[PDB]
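Construct all of the structure, not just a fragment, from the sequences and the given hints.
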Amino acid sequence: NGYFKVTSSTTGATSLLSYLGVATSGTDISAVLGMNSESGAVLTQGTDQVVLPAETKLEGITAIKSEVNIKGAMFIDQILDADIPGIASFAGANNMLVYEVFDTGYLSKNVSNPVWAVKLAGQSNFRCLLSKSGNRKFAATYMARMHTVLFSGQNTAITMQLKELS
Amino acid sequence: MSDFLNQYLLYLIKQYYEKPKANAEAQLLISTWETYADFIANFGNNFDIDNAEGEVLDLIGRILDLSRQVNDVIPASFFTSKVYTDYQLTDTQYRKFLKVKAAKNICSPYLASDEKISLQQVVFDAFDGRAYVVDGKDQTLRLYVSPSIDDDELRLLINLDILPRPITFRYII
Amino acid sequence: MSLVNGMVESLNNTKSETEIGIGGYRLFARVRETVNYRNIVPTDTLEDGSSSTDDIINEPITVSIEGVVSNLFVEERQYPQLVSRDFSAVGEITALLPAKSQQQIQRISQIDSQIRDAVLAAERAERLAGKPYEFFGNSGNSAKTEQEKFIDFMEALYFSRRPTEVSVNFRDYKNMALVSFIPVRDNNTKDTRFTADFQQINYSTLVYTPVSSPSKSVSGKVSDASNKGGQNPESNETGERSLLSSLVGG
Amino acid sequence: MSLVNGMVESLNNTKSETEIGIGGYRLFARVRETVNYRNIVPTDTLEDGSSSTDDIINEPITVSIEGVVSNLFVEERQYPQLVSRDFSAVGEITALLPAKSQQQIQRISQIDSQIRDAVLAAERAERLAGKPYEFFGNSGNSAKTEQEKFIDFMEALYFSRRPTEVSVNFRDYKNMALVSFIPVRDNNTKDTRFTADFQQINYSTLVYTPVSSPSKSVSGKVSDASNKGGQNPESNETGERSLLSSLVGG
Amino acid sequence: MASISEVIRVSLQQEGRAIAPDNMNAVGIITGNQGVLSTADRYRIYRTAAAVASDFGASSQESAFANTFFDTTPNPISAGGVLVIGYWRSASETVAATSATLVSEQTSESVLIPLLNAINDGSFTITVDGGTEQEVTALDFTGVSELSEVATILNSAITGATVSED
Amino acid sequence: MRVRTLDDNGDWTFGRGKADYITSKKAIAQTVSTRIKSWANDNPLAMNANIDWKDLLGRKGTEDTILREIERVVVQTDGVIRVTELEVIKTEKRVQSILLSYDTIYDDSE
Amino acid sequence: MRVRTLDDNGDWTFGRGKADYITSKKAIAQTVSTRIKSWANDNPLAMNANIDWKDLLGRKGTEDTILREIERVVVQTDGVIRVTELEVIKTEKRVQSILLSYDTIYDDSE
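Residue numbers (PDB author numbering), protein chains in the order written: chain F6, 167 to 332; chain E2, 1 to 79, 107 to 200; chain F3, 1 to 250; chain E3, 1 to 250; chain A6, 1 to 166; chain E7, 1 to 110; chain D7, 1 to 110.
If you are wondering where the hints come from, they were derived from the structure by calculation, not from laboratory data. Check the hints yourself; a few may be wrong.
To give an idea of the interface, some chain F3 residues facing chain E3 are shown, with a C-beta separation under 10 Å as derived from the structure [to be verified]: (1) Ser52; (2) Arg124; (3) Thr145.
For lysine to any residue, the following SDA-like pairs were computed, each having C-alpha atoms within a straight-line distance of at most 20 Å [stated by the list, open to error]: (4) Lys216 (chain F3) with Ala46 (chain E7); (5) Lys60 (chain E7) with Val83 (chain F3); (6) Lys60 (chain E7) with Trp282 (chain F6); (7) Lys37 (chain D7) with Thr5 (chain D7); (8) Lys216 (chain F3) with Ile81 (chain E7); (9) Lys149 (chain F3) with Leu244 (chain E3); (10) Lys216 (chain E3) with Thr5 (chain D7); (11) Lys25 (chain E7) with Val10 (chain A6); (12) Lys329 (chain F6) with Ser3 (chain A6); (13) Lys93 (chain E7) with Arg311 (chain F6); (14) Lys149 (chain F3) with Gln106 (chain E3).
For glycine and all other residues, C-beta sits at the position ideal for the given N, C-alpha and C.
Right under this line is the structure:
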């Protein structure tokens with residue numbers, strides 16, 4: 167895609183020190199190519215040998231949010247109760263929506279019920295959905311049904327109720 | 001809640017799908033009609049020479065001219108549903124005789140008839156695949172059988188002319 | 001006839017908020033907009049003085065819309081036109097049909113895939129019968145300006161020879177037939193000033209029909225015994241296939 | 001009939017950029033420009049309430065163009081009109097024809113040179129059927145002013161009695177027949193203000209034709225068996241040549 | 001069984017529109033019978049014969065007068081008007097001993113509940129019959145969806161008295 | 001017009017034939033009450049049964065058309081004459097409650 | 001509509017009769033794809049086969065008419081409904097590449 171990648175064969179502490187520096191003779195190809203050190207050439211050095219990142223928390227969504235400008239997200243795996251408020255706060259603080267589904271056991275209004283904890287906390291951006299079976303996909307289609315308004319025509323702002331899902 | 005009941009309940013308009021009495025009543029009508037639907041569907045299942053017992057078999061006999069009365073005695077298929112006289116046929120034997128008779132109704136004097144149905148094909152699937160017809164010399168019709176058929180039955184079929192036979196016939200043991 | 005029928009079926013055409021235009025093409029401006037309710041009242045003084053009434057024969061309403069179409073129309077306040085649903089399988093009632101084996105089923109599947117390609121176009125047409133715009137659709141090509149789109153849609157509606165639904169404010173009349181479409185282009189304005197007269201195709205039901213408008217899934221099911229004329233099959237040539245070889249013997 | 005036919009053959013006339021005028025004479029100015037799509041919808045309320053549709057009979061589109069012709073017209077932005085190609089020999093398929101000797105060939109050459117002089121005019125005419133302007137051609141003489149050229153071209157088109165193609169903006173209709181041509185000359189402007197109504201000659205194909213429009217080289221080849229009426233040759237006088245002397249004996 | 005009813009309900013009008021005698025056509029019928037309008041209930045407002053009956057019985061002459069009232073074809077309620085039954089003490093009204101009451105402020109049920117559901121613990125001081133001051137120190141109002149429920153909670157809390165919502 | 005009565009919760013009634021039937025002025029009441037409740041593209045035997053709800057409560061800006069369609073259904077009812085209907089609350093949470101009043105063909109005998 | 005499939009480079013396919021035939025929604029795809037490619041005054045059996053290329057890529061100022069004629073060919077195809085097409089590059093050397101999108105009669109079954 168118009169990029170020139172140059173990879174050393176060896177892996178691990180394999181620095182390509184040069185950005186294609188000027189040679190002693192011959193017209194210089196380096197600068198015109200873009201490999202040049204003054205040029206905007208990425209030179210990610212060979213990382214050390216096999217590296218173990220630890221096991222993050224669902225708050226690792228931040229890494230996605232700090233890279234994509236997602237405006238509505240879901241998790242394939244269900245957010246643990248103890249971590250719902252956090253992500254809920256996150257939903258507000260990053261000007262986005264997060265859709266999460268819960269099963270039948272959460273149809274109460276006690277404080278311990280996490281969804282009502284969200285409602286009391288005002289986390290209006292952490293949308294909660296209900297699926298008796300636990301069918302997670304209900305969120306995606308719901309997400310896939312909401313973020314669907316071209317905000318340029320007249321009255322294209324849609325409600326949600328009674329709309330076909332997948 | 002099978003297919004019939006479900007697809008018919010969609011004709012209940014939505015004021016009445018959820019009111020328990022109305023839904024129960026519509027289900028009552030649908031169910032009573034559904035037993036007829038099931039009967040029509042299972043007529044084929046329960047009519048043919050395979051899944052037939054008692055009177056329908058006899059009906060098949062009278063449609064293929066073979067009464068359970070062979071006037072002969074055959075030993076019992078000791079491996107209740109129905110009992111007859113000794114000199115009649117227990118069901119399973121009379122079933123598979125009727126299959127043989129159905130075959131011999133559509134016989135033909137060709138072992139590999141390409142145009143019409145052969146003798147070989149129809150006698151072979153008469154016995155559900157445990158028969159084998161090869162001709163002889165003085166118009167003998169040698170007939171190999173699997174050992175899952177007692178000699179009494181086959182000798183009876185030859186002695187009643189229920190096997191397919193143009194002019195001459197025989198068996199082998 | 002009855003005085004009661006008046007209000008009853010006067011409200012039978014209610015204008016939705018979405019404001020269908022000449023059939024979904026609202027991208028013009030309505031300079032003028034008229035309807036013509038007419039009546040034939042037989043002239044001479046009616047005969048009895050007691051009951052010889054019921055003599056106001058009705059007439060096909062015409063609707064005249066003259067407007068202008070420009071390259072750039074900015075519509076003020078109107079809701080989007082959303083594609084109507086395909087509510088054909090609402091009563092579709094299978095599961096009484098016979099049990100038939102695989103590749104006896106799948107042979108039917110191939111036949112269905114084989115003639116759906118030849119029927120589904122007209123099926124969509126009848127599904128979208130009133131409104132031709134979302135049948136023909138937004139032109140979608142960036143080369144054709146807006147007057148392109150208005151002219152080619154109008155020609156498609158006109159050659160279509162199918163009645164359309166036309167909305168004057170406060171009424172979305174259901175079966176208007178395009179009677180006259182005159183677009184004019186002065187040499188002092190690049191827009192197109194068009195006058196379109198439509199005429200309603202009003203038609204009532206003569207025969208006993210318990211069901212007003214059923215699904216496609218039962219529309220033929222509740223149909224009464226239709227009638228076709230006679231014909232002399234012994235005197236046909238376009239299909240005089242010989243007798244099948246399987247029959248001459250038998 | 002079908003709703004599908006609408007968009008299909010609504011786009012069947014696409015206006016080329018070159019903007020043919022009244023047939024290639026674009027050297028005037030279009031003061032006004034109208035088309036009249038009409039329809040005959042039978043009036044009385046249609047009979048059934050189920051299927052008695054298909055009752056919008058179509059009509060011949062008319063196209064009215066009123067403009068002015070001056071001695072000096074300066075055209076703003078339009079591409080040149082280029083002479084259409086003579087694509088007659090595209091399928092011309094010789095080399096199966098017989099081997100015949102020289103001056104048997106050349107006798108045919110003389111016959112061909114002999115009747116090409118009598119057919120090639122009408123052959124070009126049919127090649128240039130739609131567009132009469134480049135058939136009649138630019139007048140080419142410096143004596144005749146531009147109004148000369150407009151009048152003599154219009155008279156040639158009118159006496160030609162052949163349909164022409166007429167372009168309203170966004171459409172170049174293919175077979176327009178000149179219905180009315182009224183040029184007017186006020187006594188306060190040396191130009192000519194002319195109104196010309198054309199009417200489309202729309203005609204479809206009744207009979208099975210696998211090939212839509214073939215070359216001249218196969219147009220007769222794929223023609224179906226044409227029919228002429230009877231006649232009584234024994235009762236002709238205009239050519240009652242005697243019997244050839246080579247036949248009376250034999 | 002998710003009914004159609006939760007997307008549309010269609011019922012019969014229940015309260016008599018609960019209007020007040022504002023216009024000129026606020027006409028009255030004064031009874032003297034201490035059946036239901038005792039002192040301090042000096043009047044009742046009606047817009048139909050049947051309600052007057054249900055509070056008065058088709059047998060009592062007051063319902064008869066209401067019947068001959070509403071039977072006039074252009075009756076007052078057809079022009080922004082009400083009927084009202086009064087009460088003048090004809091003879092020796094005996095007002096039965098009452099019990100002390102405490103009517104609270106007009107609460108909209110759209111604001112009381114959201115404010116209550118955050119209040120974990122309860123706190124009341126009430127006194128009945130001038131007895132020992134009663135302090136209520138636990139009212140888990142979290143699980144409340146309508147004023148009937150807080151009414152029940154207060155009923156269980158305030159000993160020596162009954163709590164109702166109306 | 002007769003019609004089978006429905007009990008309070010609106011389920012059907014069998015038994016007491018010719019007596020579970022509403023006589024009049026209440027038959028109109030029941031028939032309007034549940035003509036309003038008939039979603040349009042529900043019944044395969046009447047696909048324009050009554051007003052289209054899945055396409056009117058699922059779209060913004062239909063209150064006027066809700067009201068016009070309710071007036072259409074009510075007026076086109078065997079037994080009613082006039083209507084007098086408007087909206088009384090304003091989506092107290094988001095549910096709006098409209099007030100519908102109609103003059104049956106009865107109570108016009110003077 | 002059936003039609004013989006063409007392989008990647010677009011040559012014909014023989015053998016596997018009744019199986020080298022494209023069934024649908026792809027038969028439309030193939031048929032539009034090579035209806036675009038049918039120069040007009042080529043076929044002596046259809047001299048207005050499809051749009052005229054020798055007289056549209058050989059003349060200046062036809063991009064609008066190229067697009068209108070491509071829309072004409074595509075729309076007049078057994079199996080398509082709509083189009084959505086425009087030009088995506090601007091003659092990157094001098095070749096312009098246009099993007100053509102059309103809705104077949106399929107994928108409208110909801």
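So, going through the hints one by one against the coordinates:
1. At a threshold of 10 Å, the smallest CB-CB gap from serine 52 (chain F3) to chain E3 is about 23 Å, leaving the interface hint violated.
2. Interface hint at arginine 124 (chain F3): satisfied, since its Cβ lies 9 Å from the closest Cβ of chain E3, which is below the 10 Å cut-off.
3. Evaluation of the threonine 145 (chain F3) hint against chain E3 yields a held restraint, the C-beta minimum of about 9 Å falling below 10 Å.
4. Distance hint between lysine 216 (chain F3) and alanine 46 (chain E7) is fulfilled; the C-alpha atoms sit about 11 Å from each other, no more than 20 Å.
5. Taking the CA atoms of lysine 60 (chain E7) and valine 83 (chain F3), the gap is near 16 Å; set against the 20 Å cutoff, the hint holds.
6. This hinted pair does not check out: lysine 60 (chain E7) and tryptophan 282 (chain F6) have alpha carbons roughly 28 Å apart, beyond 20 Å.
7. Only pairs whose Cα atoms come within 20 Å are accepted, and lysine 37 (chain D7) paired with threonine 5 (chain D7) is accepted, the gap being roughly 16 Å.
8. Between the alpha carbons of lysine 216 (chain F3) and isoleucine 81 (chain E7) the distance comes to roughly 34 Å, so the proposed pair goes past 20 Å and is violated.
9. Among the hinted pairs, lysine 149 (chain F3) with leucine 244 (chain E3) is inconsistent with the structure: their alpha-carbon atoms are about 70 Å apart, more than 20 Å.
10. Among the hinted pairs, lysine 216 (chain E3) with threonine 5 (chain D7) is inconsistent with the structure: their alpha-carbon atoms are about 32 Å apart, more than 20 Å.
11. Of the supplied pair hints, the one linking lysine 25 (chain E7) and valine 10 (chain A6) holds, its CA atoms being roughly 17 Å apart against a limit of 20 Å.
12. Between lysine 329 (chain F6) and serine 3 (chain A6), the direct Cα distance comes to roughly 17 Å. Compliance with the 20 Å bound is thereby established for this hinted pair.
13. Among the hinted pairs, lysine 93 (chain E7) with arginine 311 (chain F6) is inconsistent with the structure: their alpha-carbon atoms are about 23 Å apart, more than 20 Å.
14. For the proposed pair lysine 149 (chain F3) and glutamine 106 (chain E3), the alpha carbon gap of about 59 Å is over 20 Å, so the pair is violated.
Violated hints for the displayed structure, listed by number in ascending order: 1, 6, 8, 9, 10, 13 and 14.
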